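A lone chain, given as structure tokens: the form deposited without 2-oxoglutaric acid.
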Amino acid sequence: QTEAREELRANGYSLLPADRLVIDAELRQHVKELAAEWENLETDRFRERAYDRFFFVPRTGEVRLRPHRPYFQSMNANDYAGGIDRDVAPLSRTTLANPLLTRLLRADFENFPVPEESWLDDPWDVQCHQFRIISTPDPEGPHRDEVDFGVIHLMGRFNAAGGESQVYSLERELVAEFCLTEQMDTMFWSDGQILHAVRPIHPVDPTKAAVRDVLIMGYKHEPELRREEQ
């Protein structure tokens, strides 16, 4: 955690490959259960996704699932309430039941350099995205997520090349590029300090699809967010 905070301070991002301790037996099992959820995402070159937001208090570890704000309400109010301006299904029942989801939400936060101690007692909105990227046999530029801190975990990579992650300065110069390749390979970043992007994926075996599964969480300090019905 402490090298990570300093890496985020200095460089705006920090990497955590799974190769430093990926699993005891019970953890490994919860990883497998979680990653399997990416096979059951609502289908829409091709991107399948699910989404939810959490009320989160770092001091207590309190995590509450915020009500899934309907798209028709956001659009017609022209107010997406800080969340995404897209229409996405909620996280599955078995995603939410998986204790690894709450564990990762709490544990990832400890890698971020929180600039004011008082923020640990405030609510944070935590946006949680399951993304499956698909390139079938047949790119967004540098950006921010409009949060304070982000984390990405690779759930899976299937017949995929490319997909390199790119870190840019606020001035849109490439300063770093890395590769999440193993399951649970992880990156943390300070979202107001860098911009980022990901290269397209392409199949290694071109007769088959290439698939990249990631879990992205974005943490935004929100001192005025109050508890909602759950």
Contents of the next structure:
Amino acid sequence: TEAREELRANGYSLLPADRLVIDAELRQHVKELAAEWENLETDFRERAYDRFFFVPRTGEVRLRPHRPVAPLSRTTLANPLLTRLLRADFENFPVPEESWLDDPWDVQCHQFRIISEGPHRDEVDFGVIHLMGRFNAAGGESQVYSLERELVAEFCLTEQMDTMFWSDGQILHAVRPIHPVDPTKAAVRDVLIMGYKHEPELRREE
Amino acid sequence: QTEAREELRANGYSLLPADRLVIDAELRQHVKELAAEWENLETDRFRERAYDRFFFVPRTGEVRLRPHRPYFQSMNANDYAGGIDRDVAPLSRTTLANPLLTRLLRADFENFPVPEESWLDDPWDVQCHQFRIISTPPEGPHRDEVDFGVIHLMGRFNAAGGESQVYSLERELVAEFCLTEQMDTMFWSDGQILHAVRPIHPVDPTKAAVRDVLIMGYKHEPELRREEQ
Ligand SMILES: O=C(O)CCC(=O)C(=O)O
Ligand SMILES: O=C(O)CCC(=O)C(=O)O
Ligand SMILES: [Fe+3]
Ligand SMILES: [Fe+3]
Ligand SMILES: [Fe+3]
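Same protein, different condition: the form deposited without 2-oxoglutaric acid was shown, now please give the form solved in complex with 2-oxoglutaric acid.
Up next: the whole complex, starting with the chain shown before.
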């Protein structure tokens, strides 16, 4: 399938919301999940964070104990779209060995709000970003670089649920800063990002 | 089974995807016969069901089909004898004749951390539920009031959602997983966790979403005596 092929070749794939089918339920689960971004703690950047124990074969997901950033809100974690996104996102990743589908994975779930970088990697095996909202913001392009620190592509997530897949060990990435269009109002860019790292020796935590 | 036992002791549940099983021709066939039974449950959003209780002695492998207590008897007595308090039809004759049913009932039990070795010589009541969930174009966290549980996914049709939730005894969400393939399996210790399943919704919204599960609940019953069969 498309998304899996592209990360094998290029190291990244795009999936704009236009090409997604958004029913009324999913509509309202996005509306509720996206409303959470109004309620992140500072340290301008407002954020929330948690990690998940994940096994793709069974779809098992476990909220790992919170180790710092503020934890994801109770309503966020209650929203079925969080872990449905988590599971669905993962299918778009070219895993090198089917066996890894049966090993544990650490999945970092980041709620970021930016209020108005060089090429790096997020130190995971695969990542995903979903644009939750954009308000009075110019710039903020997503950038794919090579391991040679040479820009190979640049694009802009603009619509809610716009999504980008990437193989964090193949490319380097960054996002240009955002600045307000109306100089009197602030720029706000609401992003949901998850980093997936294969961890065969991770254990369940009680 | 050893891993499943410790997993039940630590976490209160254990997962066994069908991929981790070796289904030969004979077994694969009995599975298909068993799953097809779900196409013939009684019509009373939509929930079709059948049910029976089995007398079970783990040491000898003895399974006896307990008589189906009529609903009019339970209701008018205000005494459901441990069983469910609903009006449900019996398991079909071709469900009971399928050897996979007896096999599952015996084999599933070997995944439970039985606290006392003497318990293997006592009778156990084993409730057997065939559930078909239909969503045409939810219950909260609970226990089943048994010692141990097992759920086998028989079928999933046009179904999204339907995630199984494991909750702590303080009603806190601790785990969540997806039975997706036929015979995907989940064992749990029913006094150690709470559980629930999310609703299904249709993928193609013009057609119904359908989810078929076999559920068994094992309750240690040392006073239970044999009944006629
Ligand atoms: O905002 C983006 O496009 C990605 C942000 C990112 O990579 C990070 O915050 O680590
Ligand atoms: O169908 C499931 O996953 C479990 C449903 C359940 O808990 C029940 O029907 O008692
Ligand atoms: Fe990054
Ligand atoms: Fe239950
Ligand atoms: Fe599965």
